[PDB]
Amino acid sequence: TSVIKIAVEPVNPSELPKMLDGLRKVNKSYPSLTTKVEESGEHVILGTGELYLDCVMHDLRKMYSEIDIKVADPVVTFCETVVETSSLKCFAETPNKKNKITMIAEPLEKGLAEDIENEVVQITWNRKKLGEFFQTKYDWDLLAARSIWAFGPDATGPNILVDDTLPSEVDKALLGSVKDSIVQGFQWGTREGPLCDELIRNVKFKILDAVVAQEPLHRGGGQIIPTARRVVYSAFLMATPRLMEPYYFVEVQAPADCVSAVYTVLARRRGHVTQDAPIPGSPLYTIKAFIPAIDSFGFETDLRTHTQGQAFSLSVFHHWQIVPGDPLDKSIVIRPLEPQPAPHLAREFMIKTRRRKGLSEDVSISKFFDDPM
Amino acid sequence: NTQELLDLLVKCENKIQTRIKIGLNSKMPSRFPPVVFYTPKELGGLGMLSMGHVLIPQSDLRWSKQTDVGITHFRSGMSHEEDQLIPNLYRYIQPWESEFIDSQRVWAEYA
Amino acid sequence: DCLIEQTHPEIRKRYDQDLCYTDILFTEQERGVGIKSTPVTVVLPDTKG
Amino acid sequence: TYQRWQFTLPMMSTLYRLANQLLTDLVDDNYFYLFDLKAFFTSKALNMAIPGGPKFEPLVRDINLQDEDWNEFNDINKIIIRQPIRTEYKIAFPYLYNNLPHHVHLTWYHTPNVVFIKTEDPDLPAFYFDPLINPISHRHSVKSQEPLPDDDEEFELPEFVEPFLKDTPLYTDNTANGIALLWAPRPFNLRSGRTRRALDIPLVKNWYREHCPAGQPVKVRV
Amino acid sequence: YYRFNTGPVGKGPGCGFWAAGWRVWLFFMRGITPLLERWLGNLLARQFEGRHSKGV
Amino acid sequence: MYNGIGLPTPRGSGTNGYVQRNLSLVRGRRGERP
RNA sequence: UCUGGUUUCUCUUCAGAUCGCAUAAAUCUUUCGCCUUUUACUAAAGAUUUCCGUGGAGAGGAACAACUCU
RNA sequence: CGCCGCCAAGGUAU
Ligand SMILES: O=P(O)(O)O[C@H]1[C@H](OP(=O)(O)O)[C@H](OP(=O)(O)O)[C@H](OP(=O)(O)O)[C@@H](OP(=O)(O)O)[C@H]1OP(=O)(O)O
Ligand SMILES: [Mg+2]
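Protein chains in written order, with our numbering: chain A, 1 to 373; chain B, 1001 to 1111; chain C, 2001 to 2049; chain D, 3001 to 3222; chain E, 4001 to 4056; chain F, 5001 to 5034.
There may be inaccurate statements among the hints.
Partner residues are not named here, just some residues of chain B that face chain F (Cβ under 8 Å, in silico) [as the list claims (entries may be wrong)]:
{"#": "1", "residue": "1007"}
{"#": "2", "residue": "1019"}
{"#": "3", "residue": "1022"}
{"#": "4", "residue": "1065"}
{"#": "5", "residue": "1073"}
{"#": "6", "residue": "1075"}
{"#": "7", "residue": "1076"}
For the record, the hints were derived by calculation from the structure and aren't laboratory data. Heads up, the beta-carbon is just placed ideally off N, CA and C, and yes, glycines get one too.
Could you put the whole structure together from the sequences, leaning on the hints where they help?
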């Protein structure tokens, strides 16, 4: 997953379509690059690695658009989840004042989340076959296993839906189950992020109950997608959600003479060293560890710097992990500089992304998520 | 508080040092020491007041134009570091607010 | 490069620096890691030949 | 006129043994990370320095200028900082950590890290500085062709049933110094070459282009 | 001089590795020989055939 | 330059350089040697 | 059985190769820093030469040229 | 993380 993400800007704001054409030529020349433009006007580029983005910016600056270019400080694309189940049930409203869809949300297991991320189950299967697979894998209820519908982001991400927690027949007249409107609303509403404009993962949403209008051709049948949007991530953000940072799995080859330096540069950067393996052949041997991607900035450079040239490291994208802190923490004072070793760094990590293109702060459940009448 | 004037005093003080050095055609730190300068006229010499030996401050240059960061990374002043500790003039001049707070109570007790 | 020097009977084989001229870009001859490939169409004989 | 020379390997091994106490044990160009000529060109052009490296004068690109609203919308106390961006990150590659580059050179990355176990004892396959995790004397986990020693002598001609060589072993007295001289520095890995001059040849050349040894004064490092 | 003193060797003089200063003061005369060659040729011209007051 | 700063013109001003470190700072963890 | 040549000393132009596994000075045009005017200067870029050496090529000899590659 | 090291013409007339 291309996870590092830098903002890009021209020095002169006048000659903007020339760097647009150069950036498009880079995107043609570099396939794993993904460029985006947002409501705040600045262009952003997410790529795979540091030397990859190095060669990208080299060919962007001095071959395809020969203008001076300012960049921002690097940051990674981070994700969102919930860790416990819901403690309160949501509420719905529409401009027809007709529907009332109440629902909740609860987490999953990370192995089957990686399995559905790695195209193990597919939407082209039969209903009962993948129902029986999910049945024998996640010891689920039989009546609610086969009653699922289309999956989350690109029908692949672990954001599944289960309709049959609270009993199966309510109306079932015309729509009666999530078929076209709510499914496409979740397709169009899972990439644009709920909390701080970042995606969700490892959370499934289950409807408690719902009701359809008397005539969806006359009343709201296409006027319930932002309602479904608001109710889904209102029920998500009321369950005390958390953020997820990526780790890099790192493999280091190093001699035994300068060995403690990689341990000191991982323990300073919160490294959980897993495997110290003496390999046959070369006296240099391997260290397999986990490091945060936000602390991966110049990892191999400083690693070769402390080991005076003897060691070498490689980084790769690992799956998501839980950050030290919660986004909904209030009455807390965050210093602008002086990065925190403290266990409440996620509040800083989300206010410094809502000071970005973002939204407006004070995300408590008062205005857009619930109606305290 | 003004760092750019503390740099200017260090720049001009060593410049008049060098101007007196080229009058002797010496320009040497070891042959022509600063002991020649920092001695009073009553015992003999020229008699001058040190502001280069104040250990002028610096800051993070990336965030110096951005935000008041505090105090970090002291910079040396003059090229004299043999631990003689030539004092600064301002530590023997009474400040503004001390003079005003003393003046109010002095005139109050005088009345 | 070894198989293309088998192919080409016109060589400037390495004496001082390496002859990795398949890494063609200027940002991959100086790093020495390779950023952009370029595939080569050749012939190879077998033990029949 | 004393132009071109060709030596032999024991004679040059004696030269390599007599040329110690001023020659480095460095074999590859991996100790020179941020000590390369191109990294020093980058440090010259980018108004920065390596701790232990040179400090040049800047060039034509002294003063940058961006007005208040544009770099305000670009940079406030807004970026997610975890560790400060050091100057070694920019001297490594000045393209995503630093803006507006010119007169810049681009350095080397990851020569394949030769380790070169030295020898002080005969019997060249010494098997030292080398662990081994393979369980010896018993392993089978994959199928193999011909599990049946049944074929009798039919096609191996006895005039050349033997291997290629038995007239000499794979090691003798002057092969350890040869493979030690294979990974030797530049004046010793040749066996043949040209004649230089007494002002041409540098002697203090691999000393200063290193790291600074600890426990030394400030005048030796300047 | 700080690579003689490593180990039990001694602080006193004996620093007799002279090739390095020798090479750079050969590099001096290597570039200064045509310069003051031309200067002494101009000196011999100014001394032996006289000066040019209002020529060039 | 250890991290960010130094002096580009030591020959212009009447100084030699050598920015020190502020020993009067207060934070939790700063050492690397012990 | 025929084919039959390495060094050293003198001219002869071409050099595009870390011409040299290293690297001196000067001139001009600009930016600086000491500076009173200047030569002596500081140290960065741009472009020219000078200079200590080197590379391959045409000849005339001599040095064991007859040992012998072919 | 540690600048900097100085000669002369300018005056005892031609
Ligand atoms: O005074 P230091 O800064 O410590 O350096 C001195 C100095 O060398 P430098 O002044 O050039 O740096 C001496 O040379 P002098 O200038 O005093 O003549 C030299 O002696 P040599 O002339 O033999 O090179 C030797 O001093 P010493 O006499 O003790 O050998 C040396 O270093 P150390 O003083 O640290 O030994
Ligand atoms: Mg005059």
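Worksheet item: Looking back at the hints listed earlier, which ones does the structure fail to meet?
Response: 2, 3 and 4
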